[PDB]
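Every protein chain but one is kept in place in this view of the complex.
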């Protein structure tokens, strides 16, 4: 609590400081969208690559100062931890990790924190169902890998291939025309595997949303 | 408030006046559906093109009188502003803009105003989530444009192409058979991009509707 | 109220009488499923065609007696009117109309009447939205028929073709891969027509179900 610590603390905790970050984030948002254009990279190529280094410097500077002012409390703050790693991740597909910077606009702007927290608060109630769901996939991914993986390697050769395909069946994306009707050319009873799979997986997802609705009706 | 202003005001505010517009709208609705038929345009070609000019005249006449009688209040009335521009838009793909006329049937008929207002009143609560949603698309549209846009220009070459495709993935339309399974031929880990994208985008849309339901349960 | 009228009335209003109809219906249900088999039609061909005449006789007999016993009240009873026409429709694709007989199993069995009435009672509240919905399709079916019907006759040549396709887009069935991406080969801005169409049509359907839920929460 010296005159040195309170100097930085009054800057960091200032409203300008935050507005500066938000203003940066948004610019770097824009400029990363322009870096898409080969037209514009061909011209203003150097102007952007430094600007991304400048902003990560500023963000590192910023993320250091936030640590000083908060020390251990900073590492008990999701949004800081997020801002931490996202800036770290962007320091170290190399160029890709960068754009995660822009996710800070959620951390920085507090109407987003609000919304994001609303959505995340729903996830804890679901884990019980997600657990049953993921066990169910695991059991069925195994069955399908050995039932069909032989004559149908592309879709069910590995365990992970049956995982992907089964998740595809869950989304109902081409499940019949693209998968189960071809499987039936060889294994005419595969419909006994997949229609029950659809029913179960569907019913669960339905109930899940009913639960989400009713869990957020116990509060009203 | 002269004897001239009250003359028109008693006509405009009359019930016949409105019934006349509604009756027109519906006819012009019908006749624009017949203008679809090359058979019927080949015969009654002239009969319709003037009829659309007649009706826009009447609608301009009408939309003028509504302004006199209401002056500035007319430009603080959505439904008037809508009726205004829709008739203006139809005055100035040229022939297309016309058919927007028919949208007045919503403005004119008050059981539609009712329904339309019910739906629009939900939109303000959503913007917070839509904002987070559109930021999320923007970030991912950028990643996919550089991750895949090279070997896959048709789907991810521009930023807007990744936008369209990502919205397609959101609708789950052919997302696996049509997009992610082909991408995996080249980039075998693309599933790490798209399954999380689906989960997030899905979960949000789910919560959005839960919110819509619960926001309209705080009123009951 | 003679000794003749009360004779039939005590038979018609009996529990056996109803059990007999239900028992018939179910048999004719079964036998119509067997008439699917060319194998079984090749053998027991005559046995079934008379059995369907027998049952419609019995149903006509039955539907006459119900009229005697109830006279005008019979034509103020949906379920009778339904039973009426379904038996009439089956008297007069000829063979198809028959199978509608089986829909009486809903009329006859009262746990179905219950469920069916629960579902129908929801329809009156929706008409307002359905009206706005069908107007919206009509307006857009017109626009698409003239925007695209030329270079794309199969999907948008008539008005009804644009209706079908637009309903297909609503179901999100192949809307992008199958329709809007091909349209974009020629008309690169068609996405400005169809994404807004999807948004509107989607949002409405969402709200519709929210309304259905909340309209059946004003009762609790």
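Note that the chains are named A, B and C in the order they appear, and that numbering of residues resets to 1 at the start of each chain.
Everything below uses one rule, namely that a contact is a pair of C-beta atoms (placed from the backbone, for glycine too) under 8 Å apart; a residue touches a chain by one contact, two chains touch by 3 or more.
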(request) Check the options C:4, C:50, C:92 or C:119 and report the residue that touches the missing chain. (result) C:119
(request) Identify the residue among A:11, A:30, A:186 or A:214 that touches the chain left out of the display. (result) A:214
(request) Please pick, from A:27, A:89, A:142 or A:186, the residue that touches the omitted chain in the full complex. (result) A:142
(request) Quickly run down the residues of subunit A that touch the omitted chain. (result) 128-129, 131-132, 135, 138-139, 142-143, 145-147, 158-159, 172-177, 191, 195, 198, 203-204, 206-207, 210-211, 213-214, 217-218
(request) Spell out the interface residues on subunit C facing the chain that's missing from view. (result) 29, 32-33, 36, 93, 95-96, 99-100, 102-103, 105-106, 111-112, 114-116, 118-119, 122, 164, 167-168, 171-174, 178, 209, 212-213, 216-217, 220
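The definition used in the following text is that only the chains that are shown with their structure count from here on.
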(request) Report the inter-chain centroid distance for subunit A and subunit B in whole angstrom, where each centroid is the mean of the CA atoms. (result) 31
